[PDB]
Amino acid sequence: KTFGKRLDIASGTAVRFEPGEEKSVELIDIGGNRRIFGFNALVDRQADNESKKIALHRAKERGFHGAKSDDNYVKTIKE
Amino acid sequence: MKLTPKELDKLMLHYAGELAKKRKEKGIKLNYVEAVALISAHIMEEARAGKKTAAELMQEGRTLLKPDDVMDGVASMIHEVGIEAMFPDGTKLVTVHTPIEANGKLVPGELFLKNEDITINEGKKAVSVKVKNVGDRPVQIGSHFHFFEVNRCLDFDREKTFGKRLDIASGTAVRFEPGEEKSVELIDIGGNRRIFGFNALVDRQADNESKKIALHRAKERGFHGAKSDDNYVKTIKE
Amino acid sequence: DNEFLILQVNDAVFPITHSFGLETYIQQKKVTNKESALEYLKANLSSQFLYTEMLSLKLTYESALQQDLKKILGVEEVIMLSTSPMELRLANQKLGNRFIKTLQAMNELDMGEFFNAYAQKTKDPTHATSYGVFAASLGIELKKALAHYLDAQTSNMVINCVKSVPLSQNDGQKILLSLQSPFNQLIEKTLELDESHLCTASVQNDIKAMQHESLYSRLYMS
Amino acid sequence: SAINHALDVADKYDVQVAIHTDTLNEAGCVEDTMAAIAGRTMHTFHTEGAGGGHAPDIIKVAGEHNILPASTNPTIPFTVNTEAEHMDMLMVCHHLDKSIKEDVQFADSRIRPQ
Amino acid sequence: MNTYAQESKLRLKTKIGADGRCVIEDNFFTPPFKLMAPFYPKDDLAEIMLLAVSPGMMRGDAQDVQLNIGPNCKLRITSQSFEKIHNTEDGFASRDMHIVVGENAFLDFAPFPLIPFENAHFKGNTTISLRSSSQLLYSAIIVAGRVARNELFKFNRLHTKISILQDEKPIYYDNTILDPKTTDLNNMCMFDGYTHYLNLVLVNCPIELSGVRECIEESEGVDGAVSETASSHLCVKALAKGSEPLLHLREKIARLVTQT
Amino acid sequence: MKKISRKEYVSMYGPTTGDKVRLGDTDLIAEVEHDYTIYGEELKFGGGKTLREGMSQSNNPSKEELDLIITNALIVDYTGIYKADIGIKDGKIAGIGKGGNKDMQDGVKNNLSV
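Residue numbers (PDB author numbering), protein chains in the order written: chain E, 160 to 238; chain M, 1 to 238; chain P, 30 to 45, 49 to 254; chain N, 229 to 342; chain O, 1 to 260; chain R, 1 to 114.
Bound conformation, chain E alone:
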């Protein structure tokens, strides 16, 4: 649900999640060219529906909680 999105808060502010605590946050689409580079290197490319599958598979492989990728995942030529 959150691929390609960022927190909808005043820029420069932060949201804190305490351990065990559950919070609800508001997310808005990333603007501009929507090219995600850096961070955890899960996307490192343009953010679209095709890169969403690759990002989800990478997150599931790297153990990111809540990332659900299909067991029968079809690799691409570059990923």
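Treat the hints with caution; some may be incorrect.
30 Å max Cα-Cα, derived BS3-like pairs, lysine-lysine [to be verified]:
{"id": "1", "chain 1": "P", "residue 1": "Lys61", "chain 2": "O", "residue 2": "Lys241"}
{"id": "2", "chain 1": "M", "residue 1": "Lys26", "chain 2": "M", "residue 2": "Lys124"}
{"id": "3", "chain 1": "O", "residue 1": "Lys15", "chain 2": "M", "residue 2": "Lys21"}
{"id": "4", "chain 1": "P", "residue 1": "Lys221", "chain 2": "O", "residue 2": "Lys161"}
{"id": "5", "chain 1": "M", "residue 1": "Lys105", "chain 2": "E", "residue 2": "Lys237"}
{"id": "6", "chain 1": "P", "residue 1": "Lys102", "chain 2": "P", "residue 2": "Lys61"}
{"id": "7", "chain 1": "M", "residue 1": "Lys227", "chain 2": "M", "residue 2": "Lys237"}
{"id": "8", "chain 1": "M", "residue 1": "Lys114", "chain 2": "R", "residue 2": "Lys63"}
{"id": "9", "chain 1": "O", "residue 1": "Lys74", "chain 2": "R", "residue 2": "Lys3"}
{"id": "10", "chain 1": "M", "residue 1": "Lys125", "chain 2": "O", "residue 2": "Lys42"}
{"id": "11", "chain 1": "M", "residue 1": "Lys105", "chain 2": "R", "residue 2": "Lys7"}
{"id": "12", "chain 1": "E", "residue 1": "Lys234", "chain 2": "M", "residue 2": "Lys130"}
{"id": "13", "chain 1": "P", "residue 1": "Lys206", "chain 2": "P", "residue 2": "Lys102"}
{"id": "14", "chain 1": "R", "residue 1": "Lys20", "chain 2": "R", "residue 2": "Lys7"}
{"id": "15", "chain 1": "O", "residue 1": "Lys74", "chain 2": "N", "residue 2": "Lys326"}
{"id": "16", "chain 1": "M", "residue 1": "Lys237", "chain 2": "E", "residue 2": "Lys234"}
{"id": "17", "chain 1": "M", "residue 1": "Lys237", "chain 2": "E", "residue 2": "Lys211"}
{"id": "18", "chain 1": "E", "residue 1": "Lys211", "chain 2": "M", "residue 2": "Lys105"}
{"id": "19", "chain 1": "N", "residue 1": "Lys326", "chain 2": "M", "residue 2": "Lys105"}
If you want a taste of the chain N side facing chain M, the calculated C-beta under 10 Å gives, among others [stated by the list, open to error]:
{"id": "20", "residue": "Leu252"}
{"id": "21", "residue": "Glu254"}
{"id": "22", "residue": "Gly256"}
Think of the hints as simulated: they come from the structure by calculation, not from any bench.
Where a beta carbon is used, it is the ideal one built from N, C-alpha and C, also for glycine.
Position chains M, P, N, O and R relative to chain E; hints supplied.
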């Protein structure tokens, strides 16, 4: 009247066609240049008139010259006359194919072929493979495409076809319609047998050791009919 | 009465040998038991009998009610030129000729001036078209005539199947009894069909009928 | 493979890459081409397909961010005579002899007035 | 609701040229139709390919073909590729082909198989007219759909009427109606598990029923048969799992006819 | 292996050994004395032809890689009337013979590498 170089060229062509028409009226048998110019100029004038469509002009261009109106060999030399004509809806390319019927007397540059067939890929044994197109679009495969790495919507035993290409005339293609199943003949790729490019399934020398890597890659990427063992042992470079 | 005369002429014509490809199916081992025979009979009635015999019967009945001899002849010509299998064409022509001859000779009664003229002017009368024009001239109800013709043809088909497969008389009675609903459905379909569907090309039935000629030993005429 | 390598080198050297995609679907469909592109800036010729096998699905790439789509002169604007010249232009451009049965059979177009 | 700017027409008239070859005397084609110069193989008949510049027939397509083969013309008319009927949502795709064969003229009409897609509605009407001496080898292959992807009889309706007249007298009628909604075409009398159906008509061809039967029997993977129509002309009906056996059988029969 | 008719072969690739061509509208007939090509490996350029990346255009070319190649040309010269591919490199004729990709074709010299 700002005239473009294209307009100047078309004016020259129109008056060449006018000269050809005057010669035809005089009764001189037209040569190659005169015939081409006459057909092109007539098409341009009809398009400017604007009462005909491009299809009508394509039909009409084939009726301008009778076989007796041109010199011997002109009909053989003229295969098609293309002309870009300005219609009421812009510039369109009108192509007239075989505008003049060949008399057969003289054929410039004609071929005198032997009555013996050419044997291509001599000394190469061909295996037969059944291929099904389970996709929604037709797929054309060239004579020299590495058949192992063809569209993943084609279904066949890829293991049989690793290192092989279609056994057809080079430059021709085989078309697989959607849902259609065909049997094709495959022959070994010659030379160094180094497969580079295509779908990047091999990208190295084609041998039995690279066959396993290629099959595992194809299975991972979802190529239909590629069967790789579940317990696949990776190599240091793959 | 009318039903008695219908039964008499039907008995004198049809029982007095035609498989319509059932022999080919049995020889190719596609019809073996009760369920296979029932499936074959249902498929044949749905396609070939429906779009070649019942539809032609209804069309001829309508054309004779309208007194359209030209339309009757055109329908017969269409049937003849569409019947690709030689065995099927010959069987239909023979059955139609037998029906016409029986009506002319045995039925010593005023069949009708229209029917007499049609018999004297026809060339290749199909059995279904002949029965349709006969019913139209006799005033028989369309639905009743279709039901009777379909029932008689299916009785001949089931007895042929029980003789040739071979099956038991119990299975023959069972398949005769279990086809009552498809009979009504076929009659309802013919009640809304039209001439555009006349002689709709069946594929496997025609292929088997044409392979009947190439069969090794033919225990049936067609 | 060629798309991937060219895009790598172009990202290294800061130069544009333009593409005229595979008409025959030999190696894959529009999805496979887009996977090879992998969300990198690409300038596409004949984004309408121009009768290629990727048509009409190649028009889908005109909605992606990383694709800069271009369209050619002959098909705009759509007129009465637009469809008549397309096959001749295609054959001459792709160098398929019109006197060869194999080349004529190969010259298959998926162009539609739609 | 024709999507094309103008009506899809293809008027072709072929005659014998000055050099003795079969040439196109006249031709007028609107999209998606197109005609190229005839191809002349070394030993076979003159080949004309009816080009269709389109992925296939779609909703509202209404094609009008009129072929006119002149006297003493030995012409084989093929198509570019398989004719695919696409999903016609509410309308239908229609083709009306009228062919006129002149005296002592041989026409081998061998189009590629027709593949109807899901919810495809097609109406074909072919009317062939011949002279007494005219020879015709008509053929038509119908596929159940995209078989390899389990698209079997998913189309809406396929109506195909063929009317062959000789000397302005009817000699052959065919009305192929395939409606999966009304009946199961997979039954034992329609297709019996086969997916490809070939219907071929030989009119005035100098080939014997025994020879045609031998060809059908020696052809592998095909359940086929050949009979004689009322007008004493050959009719071949074959079924197969794929189009390859049917095409091979058709070309075998064509070769047997032409070698005479 | 497969055999194709000589007429179709010549239409696709031009005349081969033993084939005769009339020169212009004159009465002179030139016969192809010999052919450097290997049948079934001819170089063709087009939509789905052989001169493509990885098939006939080498992905690991020799250092003498040609700048221009003329494919299937009928060379008419005082040295002979024959059929070959002409390779041009650095303004000179680099080689005459069978050109193409050494990775996927046999009999390709280093000086005729495409």
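Taking the hints in turn, this is what the structure says about them:
1. P:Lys61 - O:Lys241: holds, 19 Å
2. M:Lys26 - M:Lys124: violated, 62 Å
3. O:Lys15 - M:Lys21: holds, 27 Å
4. P:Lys221 - O:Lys161: holds, 21 Å
5. M:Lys105 - E:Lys237: Answer violated: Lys105 (chain M) to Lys237 (chain E) is near 62 Å, above 30 Å.
6. P:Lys102 - P:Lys61: Since the Cα atoms of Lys102 (chain P) and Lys61 (chain P) sit roughly 43 Å apart, the hinted pair is violated (cutoff 30 Å).
7. M:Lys227 - M:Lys237: holds, 21 Å
8. M:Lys114 - R:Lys63: With Cα atoms ~40 Å apart, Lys114 (chain M) and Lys63 (chain R) exceed 30 Å; violated.
9. O:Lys74 - R:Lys3: Given that 30 Å is the threshold and the Cα spacing comes to 25 Å, the pair holds.
10. M:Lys125 - O:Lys42: Holds, at roughly 27 Å.
11. M:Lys105 - R:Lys7: Holds, at roughly 20 Å.
12. E:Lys234 - M:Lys130: holds, 26 Å
13. P:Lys206 - P:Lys102: violated, 43 Å
14. R:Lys20 - R:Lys7: Holds: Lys20 (chain R) and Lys7 (chain R) sit about 12 Å apart, inside 30 Å.
15. O:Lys74 - N:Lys326: holds, 21 Å
16. M:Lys237 - E:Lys234: Status holds; Cα separation ~18 Å.
17. M:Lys237 - E:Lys211: holds, 28 Å
18. E:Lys211 - M:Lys105: violated, 69 Å
19. N:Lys326 - M:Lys105: Measuring from Cα to Cα gives roughly 23 Å; hence the hint holds.
20. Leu252: Since chain M brings a Cβ to about 4 Å from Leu252 (chain N), closer than 10 Å, the hint holds.
21. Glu254: holds, 6 Å
22. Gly256: holds, 6 Å
In this structure, the hints that do not hold are numbers 2, 5, 6, 8, 13 and 18, in rising order.
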